Every structure is written in C-alpha cells, then in structure tokens.
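Throw the hints in and build the complete structure from the sequences for me.
2 protein chains.
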Amino acid sequence: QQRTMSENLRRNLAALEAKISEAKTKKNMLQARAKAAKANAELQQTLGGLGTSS
Amino acid sequence: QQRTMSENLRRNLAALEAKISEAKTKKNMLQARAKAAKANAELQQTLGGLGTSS
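Chains as they are written, first to last, in the authors' numbering: chain 0, 110 to 163; chain 0', 110 to 163. A prime marks a further copy of an entry chain.
Treat the hints with care, as some may be off.
Label pairs and their in silico Cβ distance ranges [said to hold, decoys possible]:
id, chain 1, residue 1, chain 2, residue 2, range
1, 0', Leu152, 0, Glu151, 47 to 57 angstroms
2, 0, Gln154, 0', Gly160, 49 to 59 angstroms
3, 0, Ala143, 0', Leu122, 13 to 23 angstroms
4, 0', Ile129, 0, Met138, 27 to 37 angstroms
5, 0', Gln111, 0, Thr155, 34 to 44 angstroms
6, 0, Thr155, 0', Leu159, 45 to 55 angstroms
7, 0, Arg120, 0', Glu126, 56 to 66 angstroms
8, 0', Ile129, 0, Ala148, 15 to 25 angstroms
9, 0', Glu126, 0, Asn121, 49 to 59 angstroms
10, 0, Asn117, 0', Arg119, 48 to 58 angstroms
11, 0', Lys135, 0, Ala143, 34 to 44 angstroms
Hints were generated in silico from the structure; no laboratory data involved.
All residues carry an ideal CB built from backbone N, CA and C; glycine is no exception.
Structure below.
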C-alpha cells in the first residue's frame, strides 16, 4: 500500500511540476507581450507630441 | 501575433518617417519664401529712404 501511494504521490508531483512550469513560462510570455504593448503606447504618445510641436 | 504586430509597427514607422521628412522639407521651403519676403521688405524700405533723401 505504501509503494502504490508512493507512485501516486510521484504522479501528483509530476502533474504539479508540469502545470507550474507551464504557467510560469506563459506568464513570462504575456509579460513580454505587455512590454510590446507599452512600447506601442509610448510610440503613439510621442507621435502625438511630434504632431503638436510640428 | 508578434510578427503581424512587428510588420504593423514597421508600417507605423514608415508612415511617421514619411510625414516628418515631408513636414521638415516644407518648413525649410516656407522659411526660404519668408527670407525672400523679408528681402522685398528691405527693398521697399530702402526705396523709401532713397525717395526722402533724393
């Protein structure tokens, strides 16, 4: 009974490590998309300042 | 999605560079027209002084 529980805990750890590592890499990717969106906001804001100064 | 955004930013840069470079060359041209208008103002002002001294 202890070895069937020991394998069941190994499966629980393997599933948990997979979903944690997936969630962390996807969070880094969406933060890089948000950094690109911030750069497009700066581009439009400086284009507005180029418009009023020109 | 990042490459379609990357091309969209390339289009935004190309349109911005075109309208900035157009506005700067037109501003140099109208400043040269204003320099010619200033020269015609000096010509009429000195013609007035030639009139009163003559």
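Do the hints match the structure? See the list:
{"no.": "1", "hint": "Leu152 (chain 0') <-> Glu151 (chain 0): 47 to 57 angstroms", "verdict": "holds, 49 angstroms"}
{"no.": "2", "hint": "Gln154 (chain 0) <-> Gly160 (chain 0'): 49 to 59 angstroms", "verdict": "holds, 56 angstroms"}
{"no.": "3", "hint": "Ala143 (chain 0) <-> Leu122 (chain 0'): 13 to 23 angstroms", "verdict": "holds, 21 angstroms"}
{"no.": "4", "hint": "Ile129 (chain 0') <-> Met138 (chain 0): 27 to 37 angstroms", "verdict": "holds, 34 angstroms"}
{"no.": "5", "hint": "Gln111 (chain 0') <-> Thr155 (chain 0): 34 to 44 angstroms", "verdict": "violated, 22 angstroms"}
{"no.": "6", "hint": "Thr155 (chain 0) <-> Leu159 (chain 0'): 45 to 55 angstroms", "verdict": "holds, 53 angstroms"}
{"no.": "7", "hint": "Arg120 (chain 0) <-> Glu126 (chain 0'): 56 to 66 angstroms", "verdict": "holds, 57 angstroms"}
{"no.": "8", "hint": "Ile129 (chain 0') <-> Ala148 (chain 0): 15 to 25 angstroms", "verdict": "holds, 19 angstroms"}
{"no.": "9", "hint": "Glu126 (chain 0') <-> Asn121 (chain 0): 49 to 59 angstroms", "verdict": "holds, 57 angstroms"}
{"no.": "10", "hint": "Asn117 (chain 0) <-> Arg119 (chain 0'): 48 to 58 angstroms", "verdict": "holds, 53 angstroms"}
{"no.": "11", "hint": "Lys135 (chain 0') <-> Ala143 (chain 0): 34 to 44 angstroms", "verdict": "holds, 38 angstroms"}
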